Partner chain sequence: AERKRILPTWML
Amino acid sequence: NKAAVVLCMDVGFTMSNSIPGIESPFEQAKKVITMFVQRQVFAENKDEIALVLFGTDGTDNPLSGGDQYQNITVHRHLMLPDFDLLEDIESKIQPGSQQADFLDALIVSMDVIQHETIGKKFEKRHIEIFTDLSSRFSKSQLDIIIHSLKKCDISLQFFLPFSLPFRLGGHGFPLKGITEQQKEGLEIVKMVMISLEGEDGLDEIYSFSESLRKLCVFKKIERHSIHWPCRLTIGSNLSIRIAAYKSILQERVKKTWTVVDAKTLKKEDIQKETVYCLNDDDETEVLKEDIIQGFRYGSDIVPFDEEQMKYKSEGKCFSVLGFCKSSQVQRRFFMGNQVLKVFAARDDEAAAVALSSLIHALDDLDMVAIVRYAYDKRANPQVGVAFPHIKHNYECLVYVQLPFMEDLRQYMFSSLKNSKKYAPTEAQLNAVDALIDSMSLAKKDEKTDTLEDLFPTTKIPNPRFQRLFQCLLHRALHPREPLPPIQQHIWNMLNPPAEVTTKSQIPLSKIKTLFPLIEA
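With the form deposited without its partner chain in mind, please provide coordinates for the chain only.
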C-alpha cells in the first residue's frame, strides 16, 4: 500500500568528469532520477520519497555531529514527491567538488528511513544509490550496515555508469577501463547485494543507460495485483479451486484533459449542452419527455416486458467445455484485452496437485482446454483457451479469450505462391535471404546452444509516458516555452542495435535495385 524510497545520489566531483560525446555520470543519474520522480508524481502514487546527496560541498545531515558523515546532505526528507522536488533535480541541485564516503551516504540514507518511518505505515522501505564508486570509503561500517538492512527490512538497488558509439538508452565500458578504486567499490557493492539477496542480488546492479529503457527502478515498489477466486469445473462432479491473475493488461494514460476557458482556466464556466431534433429537414426540436429508445433490426426500427428480456447468466464461472490439440487453437484468433494466469487457490495443496495433474496432462498430450469464462454475475460470458505453462518456480494455465462466430470476418485472399504474375526470381529470393540474415535481431551466443535476443522490445517501457511526463513537467516549469523535442535516449531505445543497421546496408542496397517499386 505504501513504500518509503530514499534516492541516495552521488554528486561528487568525478561524477562530472565528461568524456567527449558521452553524458557524464551526473547527467545520466539526473536523468534516471527524474524518470523515477516524474512517474511517482503524474501517476499520483502516495509512495514517499527522500533524496540524499553525498559529495556536496557542505554537510547537512542528522549524523554529522562531530566531523563525520561529512559532505552528505539530506536534500529532501521523506514525503510525497511534488514539482518542487522535480525543479530541484533539473535546476537547483548541481555537481560537487568533494567526494563523500559512499557507504557513509548509505548509512545516512538508512537513517532517513529508520527514523522517519516510525510514526508511519510503509509496506516496503527501499534505497536506490546512483554513483560511480570512484572514491575511498571505510569498510568498517559494513558490519552494522548489512545487519541493519536485514533487521529493518530495507531493500537495495545500485545504478552505475557501466555494467557488470555510446547511445544513451541504447541496446549496444570494459571492467578493465574502470579505475582500480571503482573496482574495489564494486566488490563491496557486489558483496552487499549477495548478502541481501544472494545470487539474484547481482541483478540489482544496473547501468544508468539500461535503466532508461527498463522499469527496474520501480521494481521494488509495484503494487501486486489482486486475485480472482473461482472453481475450474470439469463436468458437474470434478472441481478445482483456482485463483486468476491478470498476467497481461495494457497500461493506459490514466488522467484526462479537462476542457477549460482560455482565460479563467476554470471548468465551471464551461458547459456542453446536448439536444435532440428531427433528423430530416423541418428540423423541429424534441422534448425529453417525448423521446423513447429502441433498436434497429435491419430496415426495421423497434421501440425497445422489455429490458426484462436481456440474457440471463448463471453468473461467475470457469467451466471446461472440452480439450483439443493445441495446434487447432491458433494465436491469430486470440481476442480480448487481457491474459489471465490461473493457479490453484492460495494454500490449497489438494488443488495445487489437482491443477498440476491437468497442467502436465495438457503439456503431455499436447492439448488445451476450451473454457467458458464469466467474471461476475453482470459479466458477458466468454469462450476461451486455457493452455499449460510450466516453469522453474511455478505452474499454471494461461487463459485467453477466443472468438465467437459473429466476430469472424472471413475474407479470401489470392495465393501469392501460385501467382505467375508476382512470383519472385531466384535473384530476388536470395537477395531477401541475404537481408533477413543481416537484420537478425538474435544470436546463438555464449552458452553455444543458447539464443540471445538483441532487441527485447518487451523489456522496454511504453515511450508514451516518459514522453508525456517530460512534456507535462516542461510545461509546469516552463509555462511560456513550447513543448520540447523527444529526448534522444527515448529514440535510442526504440531503435535496434547499431550492428543491425550496419550489417543491413549492403543487403538493402541490392534489394533496392533487384526489386523495382513505382507509385501508381
The other form holds:
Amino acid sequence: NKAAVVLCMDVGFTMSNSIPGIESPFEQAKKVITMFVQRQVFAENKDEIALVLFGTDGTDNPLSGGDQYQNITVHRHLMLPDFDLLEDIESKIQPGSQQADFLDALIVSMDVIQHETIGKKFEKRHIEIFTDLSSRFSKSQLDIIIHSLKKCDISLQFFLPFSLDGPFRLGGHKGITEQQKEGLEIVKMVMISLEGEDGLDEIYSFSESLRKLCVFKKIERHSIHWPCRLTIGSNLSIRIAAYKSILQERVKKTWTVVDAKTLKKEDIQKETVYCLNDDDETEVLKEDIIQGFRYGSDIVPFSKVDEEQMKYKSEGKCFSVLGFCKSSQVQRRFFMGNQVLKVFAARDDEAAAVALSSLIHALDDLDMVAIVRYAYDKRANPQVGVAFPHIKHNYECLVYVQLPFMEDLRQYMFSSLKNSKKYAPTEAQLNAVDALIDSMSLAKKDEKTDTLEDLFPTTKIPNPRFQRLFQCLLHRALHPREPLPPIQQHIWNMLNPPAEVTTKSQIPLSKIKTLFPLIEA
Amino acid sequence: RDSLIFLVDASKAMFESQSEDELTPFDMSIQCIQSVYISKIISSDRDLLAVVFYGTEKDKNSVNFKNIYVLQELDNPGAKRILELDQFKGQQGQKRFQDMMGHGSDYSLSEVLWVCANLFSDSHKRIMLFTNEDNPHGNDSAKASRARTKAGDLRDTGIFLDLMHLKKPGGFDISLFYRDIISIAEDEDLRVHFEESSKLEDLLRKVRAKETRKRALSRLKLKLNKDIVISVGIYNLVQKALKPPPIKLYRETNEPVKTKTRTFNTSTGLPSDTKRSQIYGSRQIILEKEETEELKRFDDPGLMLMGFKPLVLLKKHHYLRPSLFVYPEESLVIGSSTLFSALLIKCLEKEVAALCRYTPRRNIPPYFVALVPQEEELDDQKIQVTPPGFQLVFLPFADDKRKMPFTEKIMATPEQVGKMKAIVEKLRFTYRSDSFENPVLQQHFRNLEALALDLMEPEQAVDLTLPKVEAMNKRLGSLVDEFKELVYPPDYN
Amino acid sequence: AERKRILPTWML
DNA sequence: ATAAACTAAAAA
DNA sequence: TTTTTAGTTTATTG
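Same protein, different form: I have the form deposited without its partner chain, so give me the form deposited with its partner chain bound.
Starting with the chain above, the whole complex follows.
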C-alpha cells in the first residue's frame, strides 16, 4: 500500500538566475520539495522517497560513464524520509554551475525505481521532475523511454517556473526561451503519450504547486468505501456502496504533557477526586457513585445497566427511502452533520448500477430529491437526510447530506430590513455598494466559451494549519535555541484575493467609507 | 432565569367548539402550555413558568381578588406540573376543570393583570393571554379604562403583554380592544401581526415565536477593508440536540457529587513546570504552551471580505459543518445595519455571495466562508420562517475533499428512466424541516418522565424515521414488479 | 548532429 | 476504522 | 456561571 517516489530536481546554473522581485526557480523548487517531504515526514506516511539532482558540479549515479549521464547525483536513495533529508533540502543542497540533460536525469530516476524496489513491495511508482527546461537535451531513444515508463507502471508530474497583468507573488492566484519552448514540446508530447489528452494537467508551475495538493495526487491513499442497500419500499433493494466525499481533515498527532526538567509522560499522573456538593464537603466513595439524569426540576436516578435495556433499539443499518419531494423544498441552510456521502453503485455489479442510474436520472429530470433514513450500524443513532442526484461526464451518483430533527431547530425573530425607515440606504449609497460588488467580483466570463471562470477557488487551496505546523515542528527540531519562525509569505499570498481584485476595490472602498458612517459605542 | 406566565380565559365562550372536529379554544391552550413545558425540559431551558386562569368562580390568589385562579406559581417545569395540566386536557378533562373551579364568571382585567404582575415579585417578564373574546368589558366603560391603565403600568415596568387571540365566529378584532393592552415594539419593522389561531400547531408555533429570546453565538467584526469595519452577530439557527450528560450521584442520598480532576507529579506528589512533546521516530520536539498556540494563530477574530463569488459557482455538495446566520449588531458599531442592508439588497439583486476569511476566536486557523444573501420570508400564519441576513456557508479546504474510486459510467435506457419517474411521482410528499422528531431523544425523555412519576411501565414509542412500508406498497403494486423485470434479470442473486 | 544514448540494460 | 461519549477550555 | 466545540478514548464490528 506504499509508493516509491523519486524527486528529480534541476540544480543547474540557470535555476539560480533570478529576475528582481521574482524568486529563482531553484529557491521556488526547494520550497515545493520541502512542502512535499514535510507532509510525508510529519504525517508519518510509509511511502519511500529518493532524491536525484541534475546539473550538479560532480557526477554520482550508477549509469555514469564517459559522456553518458554526466552531472547527475543520486542525493538520497529510496527509503522512508527523515529530518536529515529535510535538513539537506534546507541547507546542505546548493545550486550547481553545470547543466544536465533532463531526459538523462529521468532515466537515472527510472533506474533508481527499477533497482531499489527489488526487495520491497510498492503499489504505486512515481517520478516528479522540477526543472526550468533552459538546458539542452537529446531526443535519442525517447520512444523507448516513454515505453519503459508504461511497462514499469511509473507516473510522471512536471514542475516548471512558468505555467502552461500585475506583479509576481509566489503562491498567489516576460518571454520563454527558444530552448525552453523546444523542451516544453517534448514534455507535452511525453505527458500526452502517458496519460492521454488530460496528461497536460500534470504539468504545474512552482507557485500553483505550493497552493495545491497535486504533489500527493498520484501517491494519495485510496478512500475506504463501505456497502449498504437503498430500499424503496420493501420489495425493491438497490445494492450500493457509499464513502465519505467531504470529511474535515484534522490534526492526527497530540501534544503529550511532559515535565520541564525530565521531559517524560510517565512522571505526570492525572487523578480524580470526589466530594459532596453541600456545605462542609466530605469525600464521596468511588464504588457508591450511581448514574443519574435531570428531568427539569426533578432528579432521576438511572443506572447504565437499566439504560441499555430501556434505551432506543435501532432496527439496523439501512439506506431506506422515506419519500420524494421537489429540489426547492430542501434548503442548504438545514444541512447537518460533519460529512457528505457519495452513494455510488456496488462494485462489479452491472444490474445494481443501472437500477441506481434510473433513480439518479428520474430525480434530475423531475427536479426532485429523496428523503432517506440512514445508519452505518445497528448500534449507531438513526439519521434523516437528503439524497440528491449528481451527474458528471465520467461518474454518476447520489449525494447524501443529513437533515435536521424538530429538536435540532431553533426559532428566533429578527427585525425586518426591506422597508426599515431608520436603516434604509440612499440611492447614492446603494449605487456605491453596486460598484463595490462589480469591482470585487471573484469570477470572469468569456463570451466565446460562455463558461464562468472562478478566480479564487478556495476548495483547491490546502488548509494552512498543517504546513504551518510542519514548518514550526521542523524549525524546533533543527534549530532548538531559535524561537518559532513567522508564517511564510507564500502561505499569506495564497490566502489573500488576487492582486487585481485588491487594486480594483481601492477606489469604491474609499467611496463607501465616506458614504457609510461608522462609529464605536 | 426568565419568567413566563400563561393566562387562560375560562368564560363560557372558551369551552365551545366552532361546530367542527377541531378542539375548543380552552383545549388548544391547555395542550399548548403542556407542549411548551415538555419542550423546555428537552431543550434544558432554565426558564420559570406559571399557569393563571380568569373568569372562574373559585379564586386562588395572593389578595383573594374575585374570579382569579393561580393554578401554578412561577417555577421550573416538572413531571408533576405537566401531570396537573393533563387533568384538564380533553372533553373528559374539561368536566374535571368545571368541577374543581367555576366558569363564565364576571372578571376585571385590571385585577387579572395585577395578580399576574405580582407573581414576578419573587431578566425578562412575559404574560401570554389565551382568549377568544375580542372585546371584553364592551358593556362596562369603567372596567375597560381601568384595564388599559394596569396594562400601561405593566409595560412601563418592563413586563411584556402578548395576545394569543383564538378563532371567534365572525373573526377577532384587535382595533376594538387589546390594541392598547398588547406590547408593541418601538420599531414598525420589528412588530409582527399574527392572525387568529384555529389549530394547535399554529398556536404553539406563535407562542414559541414570541417567547424565545435571540442568543448570539458570537459578536464579530466584518472587515470590508482595514478601516471599513461593521459589527455582526453570528447566530446558530440549527444545532444538533443531543442526549443530556449524566450526573454522578450517591447510592443512598441521591444528591449530586462534584468532580475535581487534579494533575500532579509521581516522584514528589504548576503550569510553569509543564512542557508539550511530540515524538517522531527517535526525535522529540519540545514546545511551550504559548508556542503551541502561537503556531495556530493567523489573522484576528472576525470576518475578512475577500470579494464576491456568484452563487452558481458555489456547489450543492461541499458541505463541511452546519451553517450559521449573520445579522448586524448596531449596539457595538453605529451604522452597521445601514451598510449590511445595502450589502444584502445588492447581493440578492446581483445573485452573488460574499466570500470571507472566518476566524471565530483568538489563536485559531482560518476557514473560507461564503455569506449567502438570505431574503426575509413569512408563512401563511404571518410567522417569520426565514430571517433577513446572510447564511455563513463553511467551505472545505483541499484536505477536506476526499479522492473518489473511479467507476465506469453505465446509463439507463429512456424506458427505465420513464418507469422510475412514475414511482417518484406516486411517492411524492411535502417536506418540512420539523417533519421528524429524534427517536433516541423522544424515548429517552419518555423513560425519564415515567421514572419521575414512579411508573414501572415505560411508554414505548413508534419510530417515525421508518418508512410507511404498507402505505408505499399500496400506492405501487404493479410498478415495483414492472421496474424489477426491466433492470434486474431473473438469474440475479 | 544528435547526441547518441546508451540506455540501461533493463530498458533494452 | 468509525462513532459516540466525556472532558476541558473559551466566550457569552 | 453555562453552553458549545474540539479532542481523546473506548468499544464494537468487519
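Just so we're on the same page, rigid core means the largest C-alpha set that superposes within 1.5 Å between forms. Numbering follows the first chain given and starts at 1.
**Student:** Rigid core as reference, CA moved 2 Å or more between these two forms - which of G66, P456, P485, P479?
**Tutor:** After core superposition, the single residue displaced by 2 Å or more is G66.
**Student:** Once you overlay the rigid core, does the Cα of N279 travel 2 Å or further between these two forms?
**Tutor:** Where the cores coincide, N279 still shows a C-alpha shift between these two forms that is 2 Å or more.
**Student:** After superposition on the rigid core, does the Cα atom of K266 shift by at least 2 Å between these two forms?
**Tutor:** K266 C-alpha, core-superposed: shift of less than 2 Å.
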